[PDB]
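Only one chain is given next, in structure tokens, and it is the form deposited in one PDB entry.
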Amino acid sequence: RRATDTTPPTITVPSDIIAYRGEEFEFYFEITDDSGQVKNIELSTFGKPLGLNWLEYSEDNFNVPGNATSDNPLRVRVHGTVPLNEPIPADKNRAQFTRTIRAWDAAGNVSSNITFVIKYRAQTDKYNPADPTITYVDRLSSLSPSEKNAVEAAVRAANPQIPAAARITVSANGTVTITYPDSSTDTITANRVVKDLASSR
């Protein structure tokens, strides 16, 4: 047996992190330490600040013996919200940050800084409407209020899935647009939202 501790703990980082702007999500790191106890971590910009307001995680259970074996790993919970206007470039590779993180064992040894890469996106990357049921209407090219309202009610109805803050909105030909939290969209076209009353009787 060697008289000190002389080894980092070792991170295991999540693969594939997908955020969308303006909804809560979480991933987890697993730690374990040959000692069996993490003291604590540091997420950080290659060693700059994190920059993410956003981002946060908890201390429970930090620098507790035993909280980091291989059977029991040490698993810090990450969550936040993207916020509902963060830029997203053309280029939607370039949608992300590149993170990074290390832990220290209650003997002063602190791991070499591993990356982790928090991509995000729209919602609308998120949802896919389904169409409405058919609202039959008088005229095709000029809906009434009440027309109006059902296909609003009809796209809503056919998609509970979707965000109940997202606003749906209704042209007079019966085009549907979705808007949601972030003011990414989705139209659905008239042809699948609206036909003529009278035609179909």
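Here, rigid core means the biggest group of C-alpha atoms that superpose within 1.5 Å across both forms. Numbering follows the first chain given and starts at 1. First, how it differs from the form deposited in another entry.
After superposition on the rigid core, the single residue among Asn53, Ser144, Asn63, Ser58 whose C-alpha moves by 2 Å or more between these two forms is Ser144. When two forms of a protein are overlaid on their rigid core, residues whose CA moves 2 Å or more are considered shifted, and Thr135 is one of them between these two forms.
Taking the rigid core as fixed, one finds a CA shift for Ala19 smaller than 2 Å between these two forms. Once both forms are fitted on their rigid core, the CA atom of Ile31 lies less than 2 Å apart between these two forms.
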Contents of the next structure:
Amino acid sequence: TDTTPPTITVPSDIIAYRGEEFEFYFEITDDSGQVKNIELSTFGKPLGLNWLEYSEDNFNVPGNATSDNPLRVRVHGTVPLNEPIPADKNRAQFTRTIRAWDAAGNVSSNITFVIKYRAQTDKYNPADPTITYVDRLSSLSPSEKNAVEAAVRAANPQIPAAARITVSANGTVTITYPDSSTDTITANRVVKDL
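How about the form deposited in another entry, since we already have the form deposited in one PDB entry?
A lone chain is what you will see next.
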């Protein structure tokens, strides 16, 4: 008879960026070849992450969780755009647990997984724009600022369309991401004297 609970592999680097959908997988195996169900919790208490969701496809089917072909549970969600980020980044995370059980009811211990979350600028790192030549490096014209923004945008299709690119009087570029975090492109990467 089966007296051995399932075993769970969790991803080691779940990193989510505010306002951007993430996904990851748990992999569950049981010696019977069948996993019945799982539970996500805060060490047995309610999960408390209403923006997280996981698929229950293929739960409780014979052969759904063998060593060769484990049960792969897709988890996805979006950390809130305005989720506060602690000053200490080791605390900018949610530590949670998962347990699973087989058809005989053998339940695993609580296995820890950690969802780290970060500002969008930690994902983003703008690429170099083509240089814009300007008449005065300390006082860009409106047309030159338009050109600078266009060039930053053209070089960075991977940055959210919803990010706003602004240009200062000296050609310094600010990129403000939807979560209000920012990147800066120094003027020497952006403009040169005509």
